[PDB]
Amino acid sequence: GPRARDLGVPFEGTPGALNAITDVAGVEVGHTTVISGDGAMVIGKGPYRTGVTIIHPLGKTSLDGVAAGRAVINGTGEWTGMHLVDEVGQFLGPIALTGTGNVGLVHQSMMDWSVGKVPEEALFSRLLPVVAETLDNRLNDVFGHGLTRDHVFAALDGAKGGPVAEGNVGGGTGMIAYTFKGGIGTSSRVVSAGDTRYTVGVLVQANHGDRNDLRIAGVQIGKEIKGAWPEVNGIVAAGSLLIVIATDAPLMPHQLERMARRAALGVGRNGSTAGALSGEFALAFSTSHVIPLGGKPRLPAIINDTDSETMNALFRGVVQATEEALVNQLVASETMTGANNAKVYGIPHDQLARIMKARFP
């Protein structure tokens, strides 16, 4: 359906052609979305509202590593492969984003996928899969084994470039953000440093924040929206965040850490305050600084960290793309009823468009 710009939300900067992480060439994204059952939750039987999102930095047939660096806003969550990134500045294989109860199954399934897809001599490189989570506990049977190995293989094999589906898909299927429906969002910026252009792409799996704090384009919007509070069986019940950054800039690992640390500023623009139990994390990678398996790293150009013109263009790109990806998520996610007949509303489009038109005539 509509994305945030289509409802009149303004943003700064110049988006890429897709306005998605796949504006960084060669990046592929895949989702498997598991939606089954209704009514009361029984552990092991559903209902299920869960899934997995796969990002292949260099595409699904690559055996090469990408340069990478991370940041932690609040570390109450899981993201595997990160000790590796901190130490050697690269990771091998895809990124998986999923629900908390699925981490182990996804991790082993990625290994199994490797056995089937990678030459035996290269299997040593496939030992530390990258798997991250947020908690779909209200809408999903977290502990009930709803995600299968076949679901994971389907996302790995089905991933592609081009437009990325947003909203209640893949790892975002069962999520809740700012008390509205959570999910997947994505955005990009094409940034200028003199005559050089680079792309910064961002994808988020959003399960964080309170309605009372939410800002969209600087507007504190929770109180301006009427209704759309969550429910349980019919009774109004009220009233973590994963960030993946891709760039084609040829950055070294410590420079990618800097990129990842900018995500918090974009999160801050939209009002949340990093809950004590909210696992909020960012991972950044370069698709031009690539490390062939067992060979010399390929760094086709080099950027000085004190070159403010280039670095600030890249940093502003991360902030803006993060800010927009978060709003794109909210708009893409539709109302859902899941486990225990819990109902969470998508942010209402008609009301958002009306508020945006009043604020930005």
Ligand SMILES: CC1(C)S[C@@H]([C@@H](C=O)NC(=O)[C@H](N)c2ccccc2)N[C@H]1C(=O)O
Given for the second form:
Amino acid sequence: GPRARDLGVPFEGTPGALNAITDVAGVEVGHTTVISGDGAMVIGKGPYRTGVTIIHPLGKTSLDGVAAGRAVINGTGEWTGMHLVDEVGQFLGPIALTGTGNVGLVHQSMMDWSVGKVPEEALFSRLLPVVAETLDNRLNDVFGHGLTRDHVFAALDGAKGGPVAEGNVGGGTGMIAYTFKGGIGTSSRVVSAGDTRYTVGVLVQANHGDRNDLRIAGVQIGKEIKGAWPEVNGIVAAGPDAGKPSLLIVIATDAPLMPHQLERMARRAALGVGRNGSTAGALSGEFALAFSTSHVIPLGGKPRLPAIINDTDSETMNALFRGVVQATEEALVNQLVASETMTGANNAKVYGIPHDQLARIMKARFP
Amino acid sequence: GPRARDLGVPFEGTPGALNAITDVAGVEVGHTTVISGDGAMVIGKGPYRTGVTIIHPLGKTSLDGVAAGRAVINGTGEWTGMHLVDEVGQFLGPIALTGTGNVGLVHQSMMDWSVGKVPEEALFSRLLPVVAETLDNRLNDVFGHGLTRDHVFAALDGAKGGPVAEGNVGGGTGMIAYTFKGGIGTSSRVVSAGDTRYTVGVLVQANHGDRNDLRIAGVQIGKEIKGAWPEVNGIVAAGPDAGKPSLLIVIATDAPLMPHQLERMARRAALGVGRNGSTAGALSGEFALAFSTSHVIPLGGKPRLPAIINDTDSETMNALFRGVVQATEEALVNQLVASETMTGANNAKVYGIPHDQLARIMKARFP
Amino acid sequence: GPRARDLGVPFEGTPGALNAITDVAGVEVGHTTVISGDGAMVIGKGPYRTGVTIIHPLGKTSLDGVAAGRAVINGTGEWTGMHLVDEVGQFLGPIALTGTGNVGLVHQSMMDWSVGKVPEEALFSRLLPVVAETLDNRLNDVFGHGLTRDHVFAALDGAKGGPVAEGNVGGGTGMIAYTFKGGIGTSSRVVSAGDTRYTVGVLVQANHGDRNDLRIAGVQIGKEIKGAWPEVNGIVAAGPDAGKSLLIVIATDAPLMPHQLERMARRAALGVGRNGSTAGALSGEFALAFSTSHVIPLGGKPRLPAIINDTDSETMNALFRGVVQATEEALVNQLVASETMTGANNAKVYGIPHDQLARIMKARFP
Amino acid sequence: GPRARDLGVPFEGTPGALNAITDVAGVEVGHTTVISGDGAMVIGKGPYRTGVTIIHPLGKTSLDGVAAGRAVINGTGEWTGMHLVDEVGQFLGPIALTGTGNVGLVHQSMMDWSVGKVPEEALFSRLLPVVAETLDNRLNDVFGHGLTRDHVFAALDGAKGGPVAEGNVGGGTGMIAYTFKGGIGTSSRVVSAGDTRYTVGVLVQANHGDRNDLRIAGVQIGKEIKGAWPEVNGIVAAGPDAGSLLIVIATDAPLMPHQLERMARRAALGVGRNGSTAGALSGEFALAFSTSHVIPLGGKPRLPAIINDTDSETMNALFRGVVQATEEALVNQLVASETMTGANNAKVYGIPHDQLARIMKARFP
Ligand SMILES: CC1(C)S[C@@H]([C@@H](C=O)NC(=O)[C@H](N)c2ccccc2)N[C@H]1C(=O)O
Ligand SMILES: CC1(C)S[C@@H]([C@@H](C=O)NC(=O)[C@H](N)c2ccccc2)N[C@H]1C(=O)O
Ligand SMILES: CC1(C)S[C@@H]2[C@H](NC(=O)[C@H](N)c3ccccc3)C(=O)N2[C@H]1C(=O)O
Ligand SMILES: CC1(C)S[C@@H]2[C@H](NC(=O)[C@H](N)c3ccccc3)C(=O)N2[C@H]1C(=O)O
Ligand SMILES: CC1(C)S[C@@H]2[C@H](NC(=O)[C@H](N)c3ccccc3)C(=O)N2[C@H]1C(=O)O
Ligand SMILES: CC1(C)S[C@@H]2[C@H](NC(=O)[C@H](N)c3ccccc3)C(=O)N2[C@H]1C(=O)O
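The form deposited with this ligand bound, contrasted with the form solved without this ligand above:
Entire complex below, previous chain first.
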């Protein structure tokens, strides 16, 4: 289907070939999407609209660490492995993005997955898995154990490079963003740092923001779109006619950055988010994690840093920073466009942002 | 002169009466502006385009502390008294915003100022003054001692409530923002938290960003404006026709917030900055400090907290957060509009964003 | 069993009645201790030497939050709920301390425990459980699913005030500290803060440090102790004859704000420092402090019965000294409470010898 | 005179040749010590008991940056240049340690010092000087402008390697630690990291702690010492008869910035060994830097070797070095600082050498 650019939304900068986080060499992505049941929710019996998204920084067979740094916009949420990142500037294993109710199950499943796949002596390196959440409470039976260990194994083992599925998939399945359907979005930038061009890739799991704040390409678009407010049982449940008939950001780069430099990359995510108008609600867990696929730490070995960058080198750093801002901005709009209307638990209905209206608005604003 | 709204720039939200940080009860602002000399720079002899801006959270006569919390967007800069704020959640004395070369002089001057005004028993409370900088290196003889202790005393003693002077004044005098003239800007929002309305006021000293990134009301306006690039000696010095013929954000609120809650307010500034397009350059020291004028700590006494707010109360917190984002966004545009064209050290000429073109663009975009 | 003071170890300050975290009124502690199997390890079959320790800040029936703040000494470990604490200065629900392999199971079990006990409208408040770990890898089948949901429920439901069991129990069951047996330890201080008194309670799950660095009451005691090095099947496995993480929970009834509780938590490092360890590269050493008087009713107005000035040295120094001293003592109490244990792969770790310790203390403090 | 070891205080580990931060090659230290006036304080006239201590990480002629990271024990104090360090993991120029009242003067003086010495194109790199304080308020006329630009220039220009003067010198001149005389202290450790040796050097400016908490070599010694309490005009002013800390860590280990933060976070453990509990207004800070991981101005960073954070053999050796050198630097300070009378005739005693030596002899036969 069309992505944001295909509907005429302009963005600044040059995307990588896939315009996705997988433009960064090494990165694989996998989703398991769990959609079952309709109507009234009973805890433990669905409906389920949930899942898990896996990102392997160096592919699924890697036992090595990647240099990493994080940032917090608003920390009302969970992201495990982050004390490790703060302390030693790297993490081992995959990143899992999922629904809040699944964190514990995913965390233990990743440990289980390592058994028989990792040398015994190396197993202890698999004991701080990285698992993050947003809450799919409006569309999904959160507490009801809809996600199984097999679902997690399937995402771990099925992850791959190449085009990344966006929208109502994996961890984003039951999410809501800007009062429209939330989900997964991704984008990349190839940025010129003098005579070297690096790739910055971003994947988001979006469950944040309000329709009234939303900007797409700078256009405050909430009031321009007619209808498409959420419903319950065929009754408008939000907006002017109500009653009538968190954000996870994962940044990959092939730039050979040190961990403190990656924290800097992570802190740029907030500027990209800011472009699109949201203001970080009190309980919106908005977090960013950045890693390098060129600065790798072989397990029990010497760190591999193929080149080294000066933080005060504006030509290099600004190109990277702008890449993060732009790819984050675009990943967020790509999510909205990829996400289709869904009806879930308790008959809650949330519309995907209307393509026809969006394209019409973009054409009028950008003749 | 006209402020941003007067030129047809739309913003969301409701400003306070003055649309300035002084809409928050207790707050006084003072500037001393130093403009002397023209032509080639000789270190120690100008030209000078610098100054200092003072913000008294509770007025110039207060010996008490205000609850406070900070945030960093990019920390390549100086802001003293911040270890204190991080540790004990309050600061004593005024906030000074100035040029980088002035920090030491301002810091000692603020100590000198307390002598004779503050009981010898309370003097030690005046020994961690709050002084922050952006670099006026393109228009000002930074190292040349253009700022005097008397200049600092004048700003401390002359500060007042009511309308706040914007543009090329005080600490902002010699600054450059988005490749246009930088300086001081301010805005406020009155925000509804249930049956209680709070005030959020913001003042910025802006020296950040690139013209190519600039958004005003979502409009990427750099390429829409014709000319007005900086010059040297009548020769265009930047942009397409080149060669041819940091950010300090101060947030005040009357909301009775605890220090950790004010950190949250400070972290919202990045989103407001994000709206206007900048991407935080490698050497751009972009910082935010938030304080409450209702949560006051009498010197050596019991903290006064007139009411208490739950962090998980979205109705109250989201109103405050949106206030910070909107006031920050507008304060940044207000700065640009207030700042006039200036020629400074080494005949560097930086244009104020052209009012006529800006108004024309806003009219075409927002009929 | 004797605790540290009973063996003649001197400490500074005044302990509470129970000399435990439960000296802070309303705090409840529960353990489930899992000890089964012997001999060679088979992943998935044990031997198991693990468990879980639960701390209910306001008791097991509370749905309210407590003001909270944390500190990191060395962050190579997991402690969930901590982004929440950093952001909004409070956490809901119990603290669980456990073995690394159990984190996910405990996390989901805590959610399950809320279902049926918590009004449906309030359930979302139970979605960021606080769970922390140290690694019982030398005595326990870490990956082998030895801990069950029922074990977690039992600790949650069985938690109580009063005296706290120490040593090889709950989360500390399979741990190793200063090359001796690790485990759970607790201590408290009653402090004079201006013209009121407050209690500072500390509980530790200790799995950190090296014998050669250990100080007890300032005495570098590792070299003064004879034998008691770990073994594997009869063969001494460390020390001169070889081949022949730390979780700190601080409770107080002082009405502190979140940022002030961060300051409390940052004092733990000083008390840790007193006892000699130097925080190894992979030693996850963490502290979390909460107030039981500054409470946040769910969806309501925070309750702060009095307010303290950070610059009030009389009040704050007393509280800080309390943390340092209670931490120092909790660490030694752990060592003394922990008995010799043989576990997975016939690994054997000795409890610090009571007779030698008492002897050394007697000679050092006649 | 004697240092702590000379009075029979035992410590763990192996000190460098100088037992000082200057065991890290290329580091230079300079003090300017300002002692003048006696009797009653009149603000602006003294008595003065203050000064400044300069540490040049790569020597005074370096225009380059050093990789760096910091830690806070209790942040009630000032240390400039630290936002820079947190953000970009390096700092340019010298570290200055001084009295609280002097921070602004020192900060501007460091800028002035660069003019004429640094190419104009490079001057902007000199605009975030690193200046830290503790408060000499009981012995010194803090607000009275006792420190001059010339004093600062002298410490900057006079700094050198080799032995480092301790006690009542430079920034530590008017300080008070554990209710005894405070000041400057330094120590070092040479550590074995697998098949390589590194040096960890520590210098402190100590103005912290209470006598009742003090431990030296594990001995709670405040109560074993008789008298030596502070006085004001012949009248005991503390104790039964009453009728902040800056830690600089240098290493030649090629550590990245986040790794140096870990080093800095070890300082608290060494502080903890000596008993203090970090008072509410005690600004206790640590800064660590590498002299081998250097960043040529406007150039490519130079990292001669790289270390894995999970390499316990290498990291643990370094961490223990910080802890031990911090512990010893604190005791070296006390022993180096002599009894001093200052503003308002306040008198603060150096920890008594005779009593300390006897206590150590009794505890460690
Ligand atoms: C159907 C709904 C999604 S619309 C909603 C309505 C009624 O209270 N409130 C909102 O608009 C609310 N601000 C909101 C809407 C979307 C995402 C987050 C918050 N009721 C919901 C639902 O029942 O889950
Ligand atoms: C006159 C000038 C301001 S324009 C500039 C031109 C030539 O190199 N470069 C820039 O555009 C540069 N990106 C820039 C411009 C403004 C603010 C920050 C960076 N030369 C300057 C000057 O000499 O001070
Ligand atoms: C219902 C909400 C108040 S919480 C939810 C979401 N926040 C998260 O997902 C976050 N990680 C989180 C916070 C608290 C507990 C568990 C998880 C957000 O914001 N949503 C609100 C909404 O739908 O309006
Ligand atoms: C010339 C610059 C590289 S530094 C300057 C400004 N940055 C600051 O003001 C900041 N607080 C700072 C950083 C370093 C030393 C002293 C102060 C920024 O960015 N400017 C660049 C520009 O004009 O292009
Ligand atoms: C085997 C070790 C290298 S890891 C262990 C312990 N550290 C922890 O428990 C910590 N939370 C952790 C770190 C990494 C993965 C999982 C858990 C520590 O230190 N131990 C060493 C030892 O026994 O020698
Ligand atoms: C007089 C004190 C209350 S402040 C002082 C010292 N703390 C500092 O030096 C610190 N950097 C600082 C804190 C506040 C203002 C200025 C400087 C400390 O503790 N001293 C107390 C004491 O002597 O009793």
